[PDB]
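Okay, so here's just one chain, in structure tokens, the form solved without the partner chain.
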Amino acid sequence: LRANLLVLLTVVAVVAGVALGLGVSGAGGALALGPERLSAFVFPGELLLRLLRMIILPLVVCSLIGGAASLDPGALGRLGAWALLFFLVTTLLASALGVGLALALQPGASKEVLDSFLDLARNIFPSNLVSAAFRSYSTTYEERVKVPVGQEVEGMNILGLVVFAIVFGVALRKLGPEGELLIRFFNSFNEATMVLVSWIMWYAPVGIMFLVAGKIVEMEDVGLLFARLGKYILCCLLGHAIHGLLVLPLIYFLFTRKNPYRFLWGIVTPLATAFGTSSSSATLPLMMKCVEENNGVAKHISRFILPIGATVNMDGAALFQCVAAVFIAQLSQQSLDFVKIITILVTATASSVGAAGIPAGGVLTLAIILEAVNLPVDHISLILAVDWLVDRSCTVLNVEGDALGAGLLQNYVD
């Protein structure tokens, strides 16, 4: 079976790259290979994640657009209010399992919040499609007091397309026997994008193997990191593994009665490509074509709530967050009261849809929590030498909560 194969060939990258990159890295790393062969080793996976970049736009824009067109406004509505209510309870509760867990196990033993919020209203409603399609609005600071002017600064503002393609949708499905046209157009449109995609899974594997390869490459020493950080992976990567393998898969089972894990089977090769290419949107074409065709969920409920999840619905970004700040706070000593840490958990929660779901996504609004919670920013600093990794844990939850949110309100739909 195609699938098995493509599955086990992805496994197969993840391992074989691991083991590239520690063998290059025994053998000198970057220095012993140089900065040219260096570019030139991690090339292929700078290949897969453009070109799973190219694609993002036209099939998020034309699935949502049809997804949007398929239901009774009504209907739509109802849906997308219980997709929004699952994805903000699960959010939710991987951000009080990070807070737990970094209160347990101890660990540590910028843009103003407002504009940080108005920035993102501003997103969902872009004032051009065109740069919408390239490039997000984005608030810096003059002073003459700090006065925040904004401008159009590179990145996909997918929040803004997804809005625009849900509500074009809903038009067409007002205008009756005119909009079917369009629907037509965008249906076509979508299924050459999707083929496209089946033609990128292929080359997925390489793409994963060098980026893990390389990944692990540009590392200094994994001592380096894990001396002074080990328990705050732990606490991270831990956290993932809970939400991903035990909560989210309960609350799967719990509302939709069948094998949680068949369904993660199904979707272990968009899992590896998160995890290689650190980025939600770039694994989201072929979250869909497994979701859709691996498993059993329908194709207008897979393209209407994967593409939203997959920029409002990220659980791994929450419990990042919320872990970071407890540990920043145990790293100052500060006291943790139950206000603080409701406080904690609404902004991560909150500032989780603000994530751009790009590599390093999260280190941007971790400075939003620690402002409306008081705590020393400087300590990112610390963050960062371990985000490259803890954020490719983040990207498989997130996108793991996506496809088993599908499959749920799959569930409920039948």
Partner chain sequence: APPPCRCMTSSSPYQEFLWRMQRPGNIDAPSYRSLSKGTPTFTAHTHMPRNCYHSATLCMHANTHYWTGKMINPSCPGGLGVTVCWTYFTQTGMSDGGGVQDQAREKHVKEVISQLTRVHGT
The other form holds:
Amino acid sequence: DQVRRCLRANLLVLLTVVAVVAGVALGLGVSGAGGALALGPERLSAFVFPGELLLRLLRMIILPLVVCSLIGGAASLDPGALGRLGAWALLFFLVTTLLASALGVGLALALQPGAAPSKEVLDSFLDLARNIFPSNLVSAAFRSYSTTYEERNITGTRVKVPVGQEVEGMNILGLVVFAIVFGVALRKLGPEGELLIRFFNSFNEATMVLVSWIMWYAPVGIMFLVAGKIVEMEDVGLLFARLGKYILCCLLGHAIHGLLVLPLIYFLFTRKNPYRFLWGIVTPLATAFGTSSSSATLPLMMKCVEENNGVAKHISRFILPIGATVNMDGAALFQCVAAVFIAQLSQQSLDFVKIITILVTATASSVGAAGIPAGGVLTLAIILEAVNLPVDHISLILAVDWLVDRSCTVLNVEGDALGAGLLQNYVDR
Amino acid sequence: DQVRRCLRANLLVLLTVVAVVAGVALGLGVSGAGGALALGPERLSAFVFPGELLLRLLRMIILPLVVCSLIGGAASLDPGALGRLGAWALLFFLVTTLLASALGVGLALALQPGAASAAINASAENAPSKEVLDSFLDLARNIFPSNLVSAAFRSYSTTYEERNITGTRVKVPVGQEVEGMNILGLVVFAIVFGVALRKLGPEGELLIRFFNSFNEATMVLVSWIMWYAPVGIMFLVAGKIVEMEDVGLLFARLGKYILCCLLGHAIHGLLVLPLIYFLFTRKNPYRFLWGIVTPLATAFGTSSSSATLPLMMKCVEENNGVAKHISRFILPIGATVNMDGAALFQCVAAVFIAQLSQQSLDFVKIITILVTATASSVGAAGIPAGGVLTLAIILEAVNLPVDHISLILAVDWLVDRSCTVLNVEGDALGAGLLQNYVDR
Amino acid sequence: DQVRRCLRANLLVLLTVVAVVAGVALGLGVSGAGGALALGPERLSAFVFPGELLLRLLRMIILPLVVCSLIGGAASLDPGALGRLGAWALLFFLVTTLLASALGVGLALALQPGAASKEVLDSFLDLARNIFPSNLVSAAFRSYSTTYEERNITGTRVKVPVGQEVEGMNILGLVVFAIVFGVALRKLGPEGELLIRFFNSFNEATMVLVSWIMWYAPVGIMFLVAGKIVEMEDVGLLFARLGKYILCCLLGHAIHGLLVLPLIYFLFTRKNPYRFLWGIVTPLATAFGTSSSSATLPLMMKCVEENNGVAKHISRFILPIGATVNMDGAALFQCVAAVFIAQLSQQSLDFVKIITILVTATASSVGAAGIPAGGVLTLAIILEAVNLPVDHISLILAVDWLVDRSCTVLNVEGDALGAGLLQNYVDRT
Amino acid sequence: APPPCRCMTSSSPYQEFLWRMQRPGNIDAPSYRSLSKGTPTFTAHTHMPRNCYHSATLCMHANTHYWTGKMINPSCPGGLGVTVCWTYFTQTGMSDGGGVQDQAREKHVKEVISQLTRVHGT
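Structure of the form solved in complex with the partner chain (previous: the form solved without the partner chain):
Starting with the chain above, the whole complex follows.
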């Protein structure tokens, strides 16, 4: 029968979807039978370890993949064509992020879910600018830059001066920028750079082989991640009765953005079926929902967009690594909804200027946010300090942070893939 | 003259042994006519600096050598052949570890280091311990490192947050990356990258050529450093003897423990591993030992198996001419996996601690201490004083008091060097058996 | 017109000059409405931000450049280069470089252009530990340095020194590693060539990016100068220390060549140096006009064959190929500038720092390909190794327009005198 | 004799979340269960690198000695500019590159050597 042949063709898709569903089922079943109280600490750690192993495996190869893919992609096109493609890509990213932020603000205002060292917004923007241009490539491979305020003057004149220091992270943005510039420089040279081009291409292909092995391991890790996240709950009933409107706002906004807004843009600019493209990228979407990190699901997205869909090699390897860092619509909607929810919690009115600042600062924060699990929580502080009325009791946002973060990751990677397809069609025209 | 040719051919090994003898003599002479008190701390640091410089020179080479060598070795053989060779190598490693551990336990039970126990001599506070499951999870996390650049200088280890001391302590575990090279994760990644390179094709051929050239340049640097090695060995031995105080007075009651450790090391290095080599290859193991004298003495000087890996690789390549691919795949793995001397150390030390506290040893306790010593010897760091953490994990698993660990750290400076010698010998002998097998 | 082409070819120098003047003007205009005004001391890092961005950009592309350039340069030497004659030429060049640097450092401290915690003498072991790094990747961003404690356990004031890795980027250890790796790569043979090609291609790729940064350099230099004038006084010692310094270094390297090359010519040839100088007048005047050693290369060949007794082979060996790392005057410039910068920051650099600076300077005595303002990157590398402040480099770049022609004259004089000594040596044999 | 320790847990869950997310080698978001809740209590870490504190002093809690100090880096345990407490000895077989925990380890081992040598003399 053709059913078995079809199953063989789509075995990866079936394994990942069944892994997600079985992770949900196992988490609910274990929570019903004890809820980690019967498990205890040691059994809980042994239960949740395999998902962490999958996450570590995917983080192992993200750096060489991003660096080599971006060098090859930047060296595979002329500087003028690359500049035009980049200008269109950033325009698309900005428009999509603004639309997502506006939708989040509007839905949070409509539904009304609401009812310590500081950090100046200018310093946050300067920190982002400093992270764009790293001061040490090896240091930027494993840590980022952040500012600190200390009192060094006399006690009579107590003013906060900003000092700089390095905090743990990845600083993927600076490496992306350096790789793009290096690829352009390599294409500027003639026959001299061909050896380096072949070197980086070989390294990327080997990294892709490791990607294939890790994605074959992935379903067990996804299942255990989802199960462990479900098990860690404490009081599901009270938490839902307190944060149901907020969860509904975030997920409904994400669903509207992923099923109506981005497909409409793709259909107007491409005149094809966006849902066929979405069907091509099911497996990276399920992996993104499993792992809750745009960086871990970037290789699977590149492979699936290249193979299942008709997207050129240079287009995918140049656009997707950039969008995995700078294009995060779900994080923007998260941060806007959370800011409005916190503002309504404190009974603080929001006029037009506050809404505009929320939108602009949300776009900047989504540009600056990192593709790590619960990465959008950190820049929520930047937005709250920008409004400066919502003192940072973001503690009420948490305990439902995992699910909304997972929705954010799916929305971000979907936006990246749709932009890649749009740019492929625009090049093809 | 024939004797002149003999000294010219073997100039390095004679220089190394003369350096060891002169270092011991100089340390004893300085300690007798002074020590850390006659000359100030600044003079002591200036005196011990060349040995630290030698250790730094060997540590600078480890990372590119291991990475490039394993990539080339994994990519130069079939994936199936690499898997079979690795499986046999792990079987050999576990066999040697069990044999060394059993020999150590038997000697520690026969000579009874903690029989007299002096006057207990234990209390300030008790040092925090690491749970067994957490240690195995830490091992599994160091495999498949999170960041390749960060794993080159720091490694994962789980810590604990002691909360509510009066309020029913919970000991919540929180983990972080602490200083220390993650050799094992880089080794695993290098092997996987090599097999992927072989699976690729011509692009893999270009990368294979690149990494082989890098390894050859690294070997030239190793050749240059190997000539400076005797002076550093001499100064390490002399400075470590001078710094340590009251020779003999420490030994007057630790003699039983020292005898147990060194007798186990000598029996394993002169009657067990040579016996396996003779029964599997029908060659002379002592010729192999003679070829590798100066890596053993460098290991004795440095007390670090990771440091002496490049010198062992070169000596295995030129003398007793094991093929390049098999040596460069087996030696880096055994430098972080096969630790016979360490296992013997931990078995003897744990039995000595048990006899200090007057506890029965039964049978199941011996079985579980052997199994945990073998299973925790793998993944141990090759840095000096690397067996203490694994011994602590063993002690936690066997449910013995920990407060007597200071007696183990009291005299560990020499027995750790003996352990390093045994580990590097096991590495070399395993390479010899594998080379003889692939010759057939 | 010819003048328009002349200005276009020297577009960078004029651009930098106009940038320094405009930065001074902007600083003077802002000061009076600045200081305690213009956001006060707080939020000061906003005017000076483009300069900090330039400093970060320069600090980024330093590590691959030094490592790859030194590996390629070290593998390009040859004992077989005419055997004894090449060895003698490199030895003589080496001695000249080490003596010129010592003369510059001595005269610098002798006049003290600047000057309007406690570290012991035994810090040489710390230096020796720094040059032979324990870990290569840790050496890419941090360096070893000893600190001191107090224990009060054995008597009082033991002050036991304990070392740790703090910062520094440890370039010097990397320089040593690059030189040893390069000579080993040359020692290898028909395998080493692939790695040599790899690293030379990497240096070539790095140089286009360096050229791009040199184009971004003027906005950062202008903003650096503007920020540096407000925090201090213009009428203050900064000007008088520049008149002291530009003039000081100029006269210094001038008399340096004037009395040093003549002595080595005489004690070795017993001839009249002023006859040699009179023959090569017009290449010297061409060098004064162009401020570029690459520009006057054809003229030295023509003047050297007939006006001096060089043979074709010896001339074709000394004038070209020998020009690499040939710039003696540049070394005097960077040594004097580094010493002036050290007294500008009021830092006690006792002896070990001085020797390390001198060595690094002799080593980087390369670079620039001979272009005007070619010693600035190597001077920046020198400042980076010695952990001296780098932000005061803009005052040095402010006025290099006049000293560089003098440096070029000194360089061409050293070239010609070396050719004279080598020709006399090979005639007498 | 040492003064009592004033080393409480995080006042708000967000601060604990922020410092546990930026610890070195972090791979996943901390769970809400693992965050401290309710009234703050005494807490102590079992390991603290020397590059996290300028100086450390001894403090007493429940007749047990602890080290206390102020953190200088947000990547270090406890947050940024938060007074935290850690144990007298580090984990066995673990090192913090010098610092108070190491100095305590060598102090303990030298005391053991001294008393054992005195035992030999008797």
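Positions refer to the first chain, counted from 1. By rigid core we mean the largest C-alpha set that fits within 1.5 Å across both forms.
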Once the rigid core is lined up, just say which one of 179, 80, 230, 150 has a C-alpha that travels 2 Å or more between these two forms. 150
Core superposition between these two forms, C-alpha change of residue 53 at least 2 Å: no
